[PDB]
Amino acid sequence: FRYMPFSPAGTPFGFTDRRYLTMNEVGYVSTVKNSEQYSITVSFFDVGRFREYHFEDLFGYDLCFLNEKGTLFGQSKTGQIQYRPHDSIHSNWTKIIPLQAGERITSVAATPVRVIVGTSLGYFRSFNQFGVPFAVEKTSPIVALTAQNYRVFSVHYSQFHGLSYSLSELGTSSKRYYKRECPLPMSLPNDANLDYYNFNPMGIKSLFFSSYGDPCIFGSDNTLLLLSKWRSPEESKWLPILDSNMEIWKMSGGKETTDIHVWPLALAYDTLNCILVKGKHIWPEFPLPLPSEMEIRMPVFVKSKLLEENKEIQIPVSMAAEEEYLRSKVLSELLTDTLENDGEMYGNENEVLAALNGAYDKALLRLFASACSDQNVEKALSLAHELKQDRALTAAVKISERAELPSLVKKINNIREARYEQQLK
């Protein structure tokens, strides 16, 4: 098997002399064939903050990673890397990674404090932002890397386990693993897009930490996978939180298309920053369009049932409340775990979590109302248990009263009394 140089949201040349090296929420990096050399261009979306620049590549960089403080470049064959800080205050630096026979650099990543290099033999070389080496580690062959601050999300491949992932932190003291080569349930690729899968065998369109620090991956099945409870090894689950193919279908008014595609950039709380690609090819082109936003949706929608109700896609309030309930539940659980362990990063997480818990109960109360409407006392009671706020429990009682369900009211009041008794302890 042949390992290929990976970079987040990178595109292949195809029939052109240009492609994108890497791409995320910060900006995009492209490279153009200049006779015998290359012309690399580093661009940004926040034009105010950073200044777009370009330089001549005499090495043929095929690996790249972009963050808010700098850009990392890599040559998969010669093993030469270069880190270029965005500001001119900090100097560029260059190293050459030792490569054995047939060994290739497969993926690189960088944070403001760390520089990461992974190879096909499983060499994990790490540095600080200045190029000072920390320790050389031997792991499974690495196929994709991403990082955030001091933490690293790595994807490995072999002939045995197939695809696996590791989650680690490169602290000031030592390297610690949260997860070590656990199964990665991302669907592998199974033609006009053949150029892409020769360029990207795994079909990993991109991978990244969320804005709140949760590992995410976006495969050829165009489904965003988020890792839940990664801090508790026995509770770790991969969650499909967005079927982009479905959203496009819904945006297209229930029509099947073959010319609209999603290119993942990042995940900010509940929104997928991306590029909407219009054309036959699934990867973005020149010039790069303006980034779009796609709110995440739990894969609980059925096309047939959606079509029936329309007779952009309109969603029935009952069905939408169920998805909103699940979505809120997941996001709430995740954000709480974040605050319970790592604290705040942006300054609005507490406010977000509060509104998130609010949306949870509101959507849950809608389902509760429908259950009362259908005289389903049992299902309604189960929904009431899942309520968070005591004010929502109160609201549930009043809804039950309007529905004239006295048997339900007493049992919900039993819940309230029980929680009030826990308050006494």
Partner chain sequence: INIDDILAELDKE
Given for the second form:
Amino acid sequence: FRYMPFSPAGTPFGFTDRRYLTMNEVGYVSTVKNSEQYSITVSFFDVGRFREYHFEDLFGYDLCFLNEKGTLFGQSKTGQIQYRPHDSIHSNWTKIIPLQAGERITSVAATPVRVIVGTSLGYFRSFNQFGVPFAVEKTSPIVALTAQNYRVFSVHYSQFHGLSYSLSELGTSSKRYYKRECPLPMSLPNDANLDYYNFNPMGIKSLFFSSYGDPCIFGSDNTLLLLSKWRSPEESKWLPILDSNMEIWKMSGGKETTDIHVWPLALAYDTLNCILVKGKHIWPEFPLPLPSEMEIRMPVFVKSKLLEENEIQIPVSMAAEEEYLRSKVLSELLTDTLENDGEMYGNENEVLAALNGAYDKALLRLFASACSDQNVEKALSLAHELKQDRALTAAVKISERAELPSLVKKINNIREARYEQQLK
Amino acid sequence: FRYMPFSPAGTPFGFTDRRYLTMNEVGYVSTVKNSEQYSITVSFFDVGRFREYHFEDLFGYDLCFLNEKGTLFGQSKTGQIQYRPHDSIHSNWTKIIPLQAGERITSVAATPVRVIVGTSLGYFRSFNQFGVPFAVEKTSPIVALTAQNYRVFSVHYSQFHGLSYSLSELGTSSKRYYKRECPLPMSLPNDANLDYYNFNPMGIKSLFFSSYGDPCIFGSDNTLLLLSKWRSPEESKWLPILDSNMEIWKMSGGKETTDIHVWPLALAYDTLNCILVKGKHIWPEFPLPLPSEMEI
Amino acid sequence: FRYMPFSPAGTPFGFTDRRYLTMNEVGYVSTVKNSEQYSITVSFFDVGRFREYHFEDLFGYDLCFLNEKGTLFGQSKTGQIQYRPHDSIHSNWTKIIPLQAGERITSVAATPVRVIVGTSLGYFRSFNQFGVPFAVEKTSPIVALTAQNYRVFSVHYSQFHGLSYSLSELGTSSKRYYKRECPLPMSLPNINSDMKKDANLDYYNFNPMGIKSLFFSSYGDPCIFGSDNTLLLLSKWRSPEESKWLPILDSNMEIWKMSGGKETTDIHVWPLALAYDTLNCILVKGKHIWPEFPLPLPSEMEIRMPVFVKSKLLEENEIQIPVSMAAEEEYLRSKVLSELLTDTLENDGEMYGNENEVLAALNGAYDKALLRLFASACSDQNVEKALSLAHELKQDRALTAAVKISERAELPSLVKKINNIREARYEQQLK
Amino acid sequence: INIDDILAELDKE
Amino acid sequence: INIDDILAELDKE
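Let's see the other form, the form deposited with its partner chain bound, since the form solved without its partner chain is already up.
Everything in the complex follows now, all chains and molecules, and the chain you saw is the first one.
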């Protein structure tokens, strides 16, 4: 098996002399064949903060990672890396990674405080932002890396397990594993886009931490997978939180397309930052379109049922189910973040509060429909899933309006049962 | 490799127009091809407890799971499922499971409080007994599911290491994993019974929880495997507690008879509930013989 | 996959009639085909302590493990083992290990106080020095075992997981796990089709995993040495979530450096043991990568962090290393050894009696090497990089040295920032 | 069943 | 920059 150099949201050359090395919420990095050398351009989406620049690449960098403080470059064969801070205040530094016979650098990553290099033999080399090495580690062969602050999300490959992943923190003292080589349930690729899968065999279009710090991955099935409960080894689960194919289908008024594709940049709370690629190839081209936003949606919608109820219009009762699930997942994730790491941007507490509000509201709609169909048992089960005591009260009012006195008493018991815990 | 729709102790059509969807200690479910549709029958062994019933099947369910409170039906290709409570007090409900291109439902399972759907793409969808969704999880491709109360035992397939199993608990807090895609020590299939191994290529005749909460599997080698001490990672091992080939040999007075085959229904503390099948086929046909019990 | 009988630093017969059963810091054990029987010889490197002896093997022992008090022998097929104390105080004893159909003994190990036998079905059978059995345990199929005092380092292999390892202690009553079947990131051999006529193919038929040897270091940390000729050491094994495998010696790179930067094809390293910072080994000169007869004198190879690049080493010119470039490796090497030794002392205490002085000198070399990197950063007007380096200093007297270097470089802003580190540490010290 | 008035009441709390 | 004299002071401590 041939290990190919990986970078988040990178594109292949195809029939041209240019491609994107990497791509995310910060900006994009492209390279152009310049006779026997290369022209590298580093652009930004926030033109106010950073200034787009370019330079000549005499090494042939095929690896890249972009963050808000700098850009990391890598050469898969010679093992030469370079870190270039965005501000001219700090100096560039260059390093050559030692490589054994046949060993290639497969992925690099950088945060404002950490620089990471992974190889095909499973060598894991870390540095600080200045190039001071911390420790060399031997793991399973690495195929993909991403990082955020002090945390590292790595993808590994063996001929035994297939794809696995590790989740670690590079603290001041030592490297600690949250998760060590656990199964990575990403669908592998099973053609017009063959050039891409020669360039990216695993089909990992991109991978990243969300803004709130949860690992995400986006494969050839165009489904955003998010790792939930990663702080509890026995509770960790991968969640499909967006079928971009289904969202495109809904945008097109329920019509099948072959010329609209999604290229993942980042996940911010509930919104997937991406490029909407229109054309024959599934990867973005030149010039790069403006980034689009795609709200995440739990994959619980059926195409046949969506057509019957008719951009595709969703019936309130059907949308309430998805919103309930979507709120449930997001609420659980964000709460875990706040209960362990605290705030990062300054609006998490407000987001969580609004989130729980939307949760109960969507749940009450499902409750009402259950009451509408005289389904007391299903309604009572829904009421148990309510969060706010004020929502239980609202449920009582709905039960009264539905003229279901038996339901009212049972919900009032729930209220009293919760009030009971309040007296302890 | 082909992902065939699995159900516990299910039987193939063969050259007939009828077969068994699922089968356990509670009862048995059958389906019959008629002129334009299908006819599903749900029967019980304790006739004093539950009311046998039947209905027309316009969808053509090929997946089924039966517990002490209701029956779960599934259509593998259209993603249609239906839950029918044994009592009239509770309503039937129908729901359609989303399926991407080429994705099939591979196995379903239900408990009094949970409904589970697994797919060939490794989607794990859970509901309560009323159809309210609880979670959508992504795992390895699922080939077999079984459940007991809040516990789930799933068999997965990988391109790389083949069959594996997970063991989890869908508690009120969050889904906890006791075992996560661990090696499955079951023997794969090594003929008149050729329709069966086309119907069930993994040779898993059935799988279930014991009455004391232990995962059991019954492969083509006709040996009942029991996963003991799964609450402790250090001392969790599979125990071949019953080679049904031996027990038959003793009943034949020491005479190798290729007439009798064992069809597993359940494990009940001390005995193996089963169907003793006499004939060419290793699977039961119609009518269904009275349940037997083998000592462990 | 065929499980082959494994022994530390064992060699195949190859195209000869003799081979080494096992090999380490204590000595070596060889066997010679004697018509229809075998002649086993047990030799030692400390000829003063022990006396070389030999005996006739009517069983065909293909398994062996050597320690300072005795030698353990094993027959992979019949399941017969024998323990032979060096000293006459205790008697030899023989045992027959139960084996199912197709089950083979894959590895044996012995300390002065423990005897361990592993099988291809994953049976883990342990005894004391007199043959009194412990509980029998079932694990994953075992391919390699080593032991030190009461602790056992085991390698497992399945067609499911690949290579895993366990680290355990055999207490008075029962077996306790430090680590249980964690991933073992040792590179496997990449055998080609041109290897079918290769001179060294015989070894990988004899040892498919390519595990040339494995052992505890003298300070008690697990090590393994595979076909990639890289010494891997397991760090932080007392903390399950922190345990990491560290490559601490690329012997291919060291041979290259010894050869004055020249590529060779006739020099190979055969690992015996790791003593603190030095790899005890045999330097094999010839076509085959395993040693033969007669056995050369043991060599010493100091461990080096694999951070050196051949191209950069040539430019700066046995290969000479520039002090600034050597400082990076020395900082890293001291950092690892200091971290390892500290964990050892805080948990096990001293073993030989000079560890605290060793650790003290070690920390001295750490700060000293770090200050050289600090100076270079100061030299290149890089205040930020220098300050990051200063934070990594250990001794407060080293911080003082950093201040003086900062003053000589005329960087007053750096001086204040380093003095802040001193103040910040004093505050935490009072809590 | 309309609950828009009830939902609004829950938000004001 | 030579620091050999500074290093020597640290060793004597």
